[PDB]
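A.B. asks: Each chain, letter by letter, is given below.
Number of protein chains: 2
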Amino acid sequence: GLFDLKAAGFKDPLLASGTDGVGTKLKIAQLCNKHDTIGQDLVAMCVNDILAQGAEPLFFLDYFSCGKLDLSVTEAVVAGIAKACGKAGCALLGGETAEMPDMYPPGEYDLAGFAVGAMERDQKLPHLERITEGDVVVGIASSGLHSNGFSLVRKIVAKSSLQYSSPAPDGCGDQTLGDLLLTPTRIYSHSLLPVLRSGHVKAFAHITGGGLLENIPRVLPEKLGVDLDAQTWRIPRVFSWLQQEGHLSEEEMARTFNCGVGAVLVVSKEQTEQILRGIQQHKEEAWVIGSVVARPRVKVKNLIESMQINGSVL
Amino acid sequence: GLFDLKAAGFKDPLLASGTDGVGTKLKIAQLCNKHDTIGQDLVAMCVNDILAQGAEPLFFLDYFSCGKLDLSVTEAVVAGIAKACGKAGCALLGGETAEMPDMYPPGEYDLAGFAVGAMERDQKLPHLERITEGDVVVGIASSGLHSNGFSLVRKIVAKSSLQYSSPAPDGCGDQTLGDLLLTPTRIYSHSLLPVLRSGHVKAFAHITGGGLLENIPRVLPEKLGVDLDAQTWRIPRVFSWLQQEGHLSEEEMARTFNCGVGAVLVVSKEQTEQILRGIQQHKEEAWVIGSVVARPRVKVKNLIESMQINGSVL
Numbered sequence: 475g476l477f478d479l480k481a482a483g484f485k486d487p488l489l490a491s492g493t494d495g496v497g498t499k500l501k502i503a504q505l506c507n508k509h510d511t512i513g514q515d516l517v518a519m520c521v522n523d524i525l526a527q528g529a530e531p532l533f534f535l536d537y538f539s540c541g542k543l544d545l546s547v548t549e550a551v552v553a554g555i556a557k558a559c560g561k562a563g564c565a566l567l568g569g570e571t572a573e574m575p576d577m578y579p580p581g582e583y584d585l586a587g588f589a590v591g592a593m594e595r596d597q598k599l600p601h602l603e604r605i606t607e608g609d610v611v612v613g614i615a616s617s618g619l620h621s622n623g624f625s626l627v628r629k630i631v632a633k634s635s636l637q638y639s640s641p642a643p644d645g646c647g648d649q650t651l652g653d654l655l656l657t658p659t660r661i662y663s664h665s666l667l668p669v670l671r672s673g674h675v676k677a678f679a680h681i682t683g684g685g686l687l688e689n690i691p692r693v694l695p696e697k698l699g700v701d702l703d704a705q706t707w708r709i710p711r712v713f714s715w716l717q718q719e720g721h722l723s724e725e726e727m728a729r730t731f732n733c734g735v736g737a738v739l740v741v742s743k744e745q746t747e748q749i750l751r752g753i754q755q756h757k758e759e760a761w762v763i764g765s766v767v768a769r774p775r776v777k778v779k780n781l782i783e784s785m786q787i788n789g790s791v792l
Numbered sequence: 475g476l477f478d479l480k481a482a483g484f485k486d487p488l489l490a491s492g493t494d495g496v497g498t499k500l501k502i503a504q505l506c507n508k509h510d511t512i513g514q515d516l517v518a519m520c521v522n523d524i525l526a527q528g529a530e531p532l533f534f535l536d537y538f539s540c541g542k543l544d545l546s547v548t549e550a551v552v553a554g555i556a557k558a559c560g561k562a563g564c565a566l567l568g569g570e571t572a573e574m575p576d577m578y579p580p581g582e583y584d585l586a587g588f589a590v591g592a593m594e595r596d597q598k599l600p601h602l603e604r605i606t607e608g609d610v611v612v613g614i615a616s617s618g619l620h621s622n623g624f625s626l627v628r629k630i631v632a633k634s635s636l637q638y639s640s641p642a643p644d645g646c647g648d649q650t651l652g653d654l655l656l657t658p659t660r661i662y663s664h665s666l667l668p669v670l671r672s673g674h675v676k677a678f679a680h681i682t683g684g685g686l687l688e689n690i691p692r693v694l695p696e697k698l699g700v701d702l703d704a705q706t707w708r709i710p711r712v713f714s715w716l717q718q719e720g721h722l723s724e725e726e727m728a729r730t731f732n733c734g735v736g737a738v739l740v741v742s743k744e745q746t747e748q749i750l751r752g753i754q755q756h757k758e759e760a761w762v763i764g765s766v767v768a769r774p775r776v777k778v779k780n781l782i783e784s785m786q787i788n789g790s791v792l
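If you read the protein sequences in the order shown, they are chains A and B.
Those letters in the first sequence? Residues 475 to 769, 774 to 792, by full-length UniProt numbering.
Those letters in the second sequence? Residues 475 to 769, 774 to 792, by full-length UniProt numbering.
In short, the hints are calculated from the structure, not lab data.
Any given hint could be a false lead.
[As the list claims (entries may be wrong)] Pairs of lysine-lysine, DSS-like flavour, derived with a Cα cap of 25 Å: (1) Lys633/A / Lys508/A; (2) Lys508/B / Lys485/A; (3) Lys542/A / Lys633/B.
[What the hints assert, rightly or not] So the derived label-pair ranges between C-beta atoms look like this: (4) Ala632/B / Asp596/A: 57 to 67 Å; (5) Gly608/B / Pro580/A: 48 to 58 Å; (6) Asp576/A / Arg692/B: 39 to 49 Å; (7) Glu573/B / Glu570/A: 41 to 51 Å.
C-beta atoms are modelled at their ideal positions from N, C-alpha and C, and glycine is treated no differently.
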């Protein structure tokens with residue numbers, strides 16, 4: 475289909491676009507034959523990425539390249555993408571499935587996603603000029619691992635006392651380890667857009683590859699960093715299991731995983747309360763996780783302490 | 475970057491989009507270590523596809539997923555994409571390279587491309603209501619194989635008396651067989667847009683997967699087909715070499731390969747001459763290759783005859 479910006483109600487739009495992939499999270503989907511929500515990871519990654527620029531997602535396309543797959547696997551992938559597009563509030567405008575046995579072994583596939591969004595010229599983000607020392611960092615809860623760090627995840631599972639089919643560790647639901655690890659990326663595009671539209675968000679960072687350390691600097695003025703404290707948010711228990719199993723340092727955790735924070739907003743102190751109110755009303759979970767500070775550029779205090787499980791508590 | 479439709483000069487745009495891939499043409503690039511023009515295949519595929527809807531390409535994004543690659547291979551891929559975008563006249567707005575050793579063996583990569591275009595509401599194609607029996611089919615020359623049929627190509631080379639490093643067969647240039655097979659897809663977006671903008675093109679089909687037989691019906695009214703005659707265009711010699719080596723039937727050739735025709739236009743008889751004049755002035759090559767007829775939906779007369787090399791002619 476062709477997209478009609480006028481019918482969509484834009485007066486003077488700028489267009490944002492981005493491409494993303496699920497990474498080796500797909501290998502776990504393929505190992506466990508659990509493909510229903512991998513389309514949500516793909517769509518969420520693309521729409522959350524353009525949300526960061528201040529854009530409302532308009533439409534999405536995927537390129538689905540694969541070895542020989544079961545009919546039921548091909549269908550489950552594609553249906554989950556359609557489902558995720560409905561959830562995000564964007565149109566599935568096209569796609570391609572390209573079967574290439576010489577490129578991929580039986581049962582393996584890759585996904586590339588593309589999303590296009592739009593906003594008014596004045597609705598654009600970040601507003602770098604507005605960001606100052608003492609500004610507040612708001613963290614939005616992730617659903618878990620989202621779609622990054624899965625090369626490390628798969629290495630840890632491979633040497634662990636648990637298999638993907640094992641019960642998920644203490645405090646990770648009545649599901650298998652595979653189910654837990656496959657928990658789909660949260661879509662923030664529909665719930666957080668009115669919050670961005672308030673005009674009191676100075677910047678938005680979607681937390682993806684490179685974790686908290688790599689993604690936050692991209693939306694800060696050159697001379698500023700951020701001081702974060704991990705005691706101020708809830709760390710999903712999957713991150714504790716992983717740290718313990720792989721004996722992971724703070725740095726490794728902060729560079730690889732979202733650690734519970736799927737997205738960050740920069741807001742002034744004065745505007746903090748109404749932002750938190752706005753987020754809560756749109757059914758997301760959020761905390762003040764730190765502050766913008768003079769100038774490591776991002777510091778994550780108390781990460782291991784905050785996620786380490788007390789061995790005398792059952 | 476963000477795209478500014480206003481600055482670009484659109485009054486009332488519709489947006490066209492599409493995703494495409496190079497297919498197993500990439501395997502030949504990887505086998506021969508010849509990656510300089512694979513980016514042109516990718517970009518050409520995406521821009522020629524939106525050209526078909528009547529759109530001017532605005533911008534392009536790629537997702538580049540790979541095993542461990544040489545630094546020089548990664549760079550050559552990416553530079554060829556940048557180069558192709560300049561040629562097509564569209565902006566390279568973004569991209570991602572995702573190295574995943576567990577997904578791809580050393581030296582193997584895949585490409586997904588995404589292009590967005592725009593045109594006026596009245597500049598849209600096809601104009602299905604306008605197409606009638608007796609309308610003319612204009613064929614635009616391909617540069618060769620373009621980017622489809624490469625699973626069959628690689629099978630034929632694998633059993634042939636020629637290797638990719640062998641001299642290219644009689645009448646295929648002073649280059650290797652690999653060089654010939656890698657000849658990049660022609661970009662039609664910059665040269666053929668003014669022709670589409672004339673308002674005398676009823677429809678455009680880019681000839682890709684499924685060849686002449688699959689791609690032309692998509693732009694015809696339900697009750698109409700097309701009668702083509704292969705004696706009316708030049709068939710590049712690569713197609714003769716392939717037919718002979720694989721002992722390929724007319725049907726196999728017409729369903730797999732473009733056979734010399736990279737794109738088709740539907741035009742009225744009255745408007746034929748000025749269209750041919752328009753194409754020639756924009757430095758493309760074209761012929762009247764057939765006509766729209768009542769209702774196999776697409777017929778390709780004289781394909782093997784027209785491409786068979788006379789054995790008594792040296």
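A.B. asks: Taking the hints in turn, state whether each one holds.
C.D. replies: Here is how each hint holds up against the structure:
1. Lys633/A / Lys508/A: holds, 21 Å
2. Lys508/B / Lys485/A: Answer violated: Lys508/B to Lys485/A is near 47 Å, above 25 Å.
3. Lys542/A / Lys633/B: holds, 23 Å
4. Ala632/B / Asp596/A: 57 to 67 Å: Taking Cβ atoms as reference, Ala632/B and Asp596/A lie about 59 Å apart, which means the hint holds.
5. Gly608/B / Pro580/A: 48 to 58 Å: Since the Cβ atoms of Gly608/B and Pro580/A sit about 50 Å apart, the hinted range of 48 to 58 Å holds.
6. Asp576/A / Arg692/B: 39 to 49 Å: violated, 27 Å
7. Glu573/B / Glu570/A: 41 to 51 Å: violated, 23 Å
In the structure shown, a violation is registered for the earlier hints numbered 2, 6, 7, in ascending order.
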